[PDB]
Amino acid sequence: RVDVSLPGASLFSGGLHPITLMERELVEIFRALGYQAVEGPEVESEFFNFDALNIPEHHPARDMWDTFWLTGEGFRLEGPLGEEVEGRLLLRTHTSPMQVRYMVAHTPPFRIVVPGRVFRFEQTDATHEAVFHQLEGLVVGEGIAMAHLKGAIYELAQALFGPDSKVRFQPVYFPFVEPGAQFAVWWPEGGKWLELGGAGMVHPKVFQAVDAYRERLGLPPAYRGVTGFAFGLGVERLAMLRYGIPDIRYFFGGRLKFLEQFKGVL
Amino acid sequence: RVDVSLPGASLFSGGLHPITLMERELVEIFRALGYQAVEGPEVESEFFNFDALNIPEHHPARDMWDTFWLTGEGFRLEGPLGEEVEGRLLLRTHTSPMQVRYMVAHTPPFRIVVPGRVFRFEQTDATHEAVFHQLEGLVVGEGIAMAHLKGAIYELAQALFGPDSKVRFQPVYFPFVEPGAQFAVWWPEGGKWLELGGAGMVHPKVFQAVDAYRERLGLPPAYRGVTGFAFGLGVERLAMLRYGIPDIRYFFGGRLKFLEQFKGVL
Amino acid sequence: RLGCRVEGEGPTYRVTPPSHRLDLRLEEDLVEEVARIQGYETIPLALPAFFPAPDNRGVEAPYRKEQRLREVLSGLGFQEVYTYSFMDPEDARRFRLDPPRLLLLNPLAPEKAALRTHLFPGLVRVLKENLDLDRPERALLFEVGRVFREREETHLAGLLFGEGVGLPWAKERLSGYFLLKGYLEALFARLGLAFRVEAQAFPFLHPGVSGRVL
Amino acid sequence: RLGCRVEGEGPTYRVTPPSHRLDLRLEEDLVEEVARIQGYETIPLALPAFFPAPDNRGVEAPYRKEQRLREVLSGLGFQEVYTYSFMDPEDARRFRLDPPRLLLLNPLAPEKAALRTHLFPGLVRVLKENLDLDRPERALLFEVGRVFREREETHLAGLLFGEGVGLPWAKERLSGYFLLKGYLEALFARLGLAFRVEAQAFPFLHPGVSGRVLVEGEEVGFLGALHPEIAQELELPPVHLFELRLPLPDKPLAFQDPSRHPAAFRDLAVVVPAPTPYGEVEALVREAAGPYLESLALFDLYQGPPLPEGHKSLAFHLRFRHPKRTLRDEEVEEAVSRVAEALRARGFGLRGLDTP
Ligand SMILES: [Mg+2]
Ligand SMILES: [Mg+2]
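First to last, the protein sequences are chains H, Y, A and W. Position one of the first sequence corresponds to residue 54 (our numbering), numbered consecutively onward. Position one of the second sequence corresponds to residue 54 (our numbering), numbered consecutively onward. Position one of the third sequence corresponds to residue -8 (our numbering), numbered consecutively onward. Position one of the fourth sequence corresponds to residue 6 (our numbering), numbered consecutively onward.
Please keep in mind that the hints were generated in silico from the structure rather than gathered at the bench. All residues carry an ideal CB built from backbone N, CA and C; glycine is no exception. Just to be clear, a hint being listed does not mean it is correct.
Facing chain Y, a subset of chain H residues (Cβ under 10 Å, in silico) [said to hold, decoys possible]:
1) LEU64
2) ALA85
3) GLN89
4) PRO273
5) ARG277
Now the in silico label distances, taken between C-beta atoms and shown as ranges [claimed, not checked]:
6) Y/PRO257 to A/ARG(-8): 23 to 31 Å
7) W/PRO141 to Y/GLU313: 30 to 38 Å
8) A/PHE86 to Y/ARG129: 18 to 26 Å
Work out the full structure: start from the sequences and follow the hints.
Given below as structure tokens:
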């Protein structure tokens, strides 16, 4: 007789990292709102990471980001249009630079979301990492207003936490947006406001940088009569409170006993 | 010595049916435009398939669809709200009935796309099948106008065939829309206009049917001051001209030598 | 110009259609007239923007769930198959199943005179059809589709046949029941569910290798 | 109220800020003032509607392509791993790789003083770390990530280790090199690409189990067993792994209407000197079999008596099929002769041919 309850041949079964699951969940949410996902380089130049985004040398703002500087000969960093871009190299402290790289190479209107790994020089603890992930969006076009920004984040809240979810915006400062704001979502099941990220209307000086640089490369300017908004958020923060991960250090810890738990999550 | 070029263990590798690939390709296109995919039953009642959609008994229009009628005792067909729906049973001749089922159970505004298998009594040849698939959409809300319909199909053309693609609309008749139209896409690489499907503005009588039936079930009416548009298209037609399949009879032919060719298509 | 008699000064006119236009009864009918004479080409392009009414949120979870299932299946190694909804009534006999609940009054043919109660019979037939046309040494198929009996319901079914998995240039192979049960346990860990097989008899199954999935 | 002096009657005013508001320089600065005093709560909700400018169309194909790759991988059975971008410079030594091109001026620690040139070293470490904490009987991992050397580029790498696949309550198992090569051939058929492994040495790989991966005719990376010495130094059991450079070639669909006419079968064995690579023989039989060859498969690998020593035999199941019509025996025969001919012209013998 054949025992049907006997274990069958042991083929392997895979799984995806908590962060990939979460990242995927956020990209599809925005895809439904017409946003396309584009990625950028991890090793950036100070120009795209700081200068173009209105964050200059010896300025209080520069203190908000703890940069890892890089040294290395014979490394080719190439700009938006495949040109050799010259600057002091660094590991990106945010995904924002990619938004300048996109604008110089494309013409408005458009809506983009750029997920990515970012680095900050910090002491890694249960809620702090030096290597983590962010997701930033950018919508540029004639007539884009703050109302449209509040609308997008509203749709984000509704999608992550339900119809009974509500967003809240308050003023905050960022060198690359004005007005600027921080947004929080009412997580109804947790009965508390969660601070998710920042956002604001692209700063006049960011568009000038884009065009000025476009002109340098021979491209006609495209950001003269447009407005636009941008927001950015941390992925780990969501991933933790959504999957219930207590220690941010698990993400890069590579323990199979941790990762395997997320096999069932699609 | 170990011969690295020797074939390794022969694990199986799957693949998806041409139609699933194509269907998936069309649903993601509309998801980017904010449309949600919902499916409906294959076995329908004459009410939802014909009567509610303004296609009555002994009427020229009824001749456009070659219905397969069904007989069978002890089969429970349940309506939108799980109620026992009474009518003469049939295999759906189009996905449109699902659009009435959706409207009675949900309130506007919304945008939906319903992919599905449909049946027609016909003699199966190299370009004719009795069993095939359609995909229909429906957008309902305050202020939805034909311009918005032309815009959607425009976005469909751009996504399937490129920026150099253009759509064309002409008048045609459908009992459930007024204005009504047929649309064709300029397929630039094929250098010819392709007739893709039909569309129009939902007919006044379709909304009356929806509300009247809602009232019957105790729901308040919701389609009094709204407008809406709908379109519907054949999947096989696309799938064939996009993957280069010469005979529509291959789709349900189940030949592994045919299906395996589509392993690489995502 | 079309022959209608327009009365009133506006904004709402009383337009009475000619007796030969049986199609002109509602206001919409009249708006289509303005459109076809002006030309559909004159209607501009545009995109709508709105927040969907609350009950439409999350409405696609189901469709999405089933579509991932198919993807996980093809990932593991199963090859998708599409099969007609129709069934030969005689098959209910050949395979030992209860008879069909829905039959057609106008079938394309006698062998297509009923609506399938199970999925497997069809897979099994396409299997034979393949063997005759080409002689596959093996196959691992799967199909998701509607099945009709008492209620219309969606089913998932698969079938393994042939030599199996192993080194091509060797004879030792993994195959049959415990191989299929393997692909299934593998499948279930990915979906993150508890899977178990208890033995039980089924008319169509083989007494010695027959069990129920839990 | 904020202290600004407003001049003009409108529509465009001349507003001069107080001396203590160093932040008020542009018009936008002033619009934020109206907003924060009125309250951000007063800004209404809304959604934009527009047709994107042409060059933004299709802009996500890449992201989408890589995301399906990960999905196909987890589908097959690989478990995803995330690993830091940082590398211990000393590792470039332990694993026998060229030194790092980008180093940090302000590293979190010495062992994190460089940017990784390869992906595998890290996977290998998390493997050890796992074995020490929990004692897995096996693992099949994979990682997609940035790698830095001359240019920043994306890589794909995986590793198989442990007992393998088979019946739990039995000892006969599928494992090691040919099992990993299996998951890879499987992976490649799903992506619909041509995959091939030619033997070649790599400092970090094991000489006897080391080869280069050829996707669609081009070298994209390697596959092999970890070099035993590196294994020994790190106290690890044997491990098999591979590393490739993404994005893989893209091959479009060329539908080939299958023949409705019966195939013709034929079996044949080739006697080949032991060192001759199976791949070279396969290519030969194939190139010679003609335009009517449909399938070619190896079913037996034998070497011993009475085969002329220092030789092996490769059994092949062949299948010939003519598209428009059935093949005449003389066509198959004559065709299997072109194989037999060139087979011997390369110096190979025919242990068997024309077997039904
Ligand atoms: Mg009309
Ligand atoms: Mg300010």
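Now for the hints, and whether the structure bears them out:
Residue-level restraint check for H/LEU64 holds (minimum Cβ-Cβ distance to chain Y is 8 Å; threshold 10 Å). For H/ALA85, the suggested interface contact is upheld, since its CB lies about 6 Å from the closest CB of chain Y, less than 10 Å. The beta carbon of H/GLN89 is positioned within 10 Å of a beta carbon in chain Y (closest approach about 8 Å), and the interface hint is therefore held. With its C-beta approaching chain Y no nearer than about 19 Å, H/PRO273 sits outside the 10 Å limit, and its interface hint is violated.
Because the smallest distance between the Cβ of H/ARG277 and any Cβ of chain Y comes to about 23 Å, over 10 Å, the interface hint for this residue is violated. Restraint check, Y/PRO257 to A/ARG(-8): a C-beta distance of roughly 25 Å satisfies the suggested window 23 to 31 Å. For W/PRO141 paired with Y/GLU313, a C-beta distance near 35 Å keeps the hint of 30 to 38 Å intact. Range check, A/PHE86 to Y/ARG129: Cβ separation about 24 Å, and the 18 to 26 Å hint holds.
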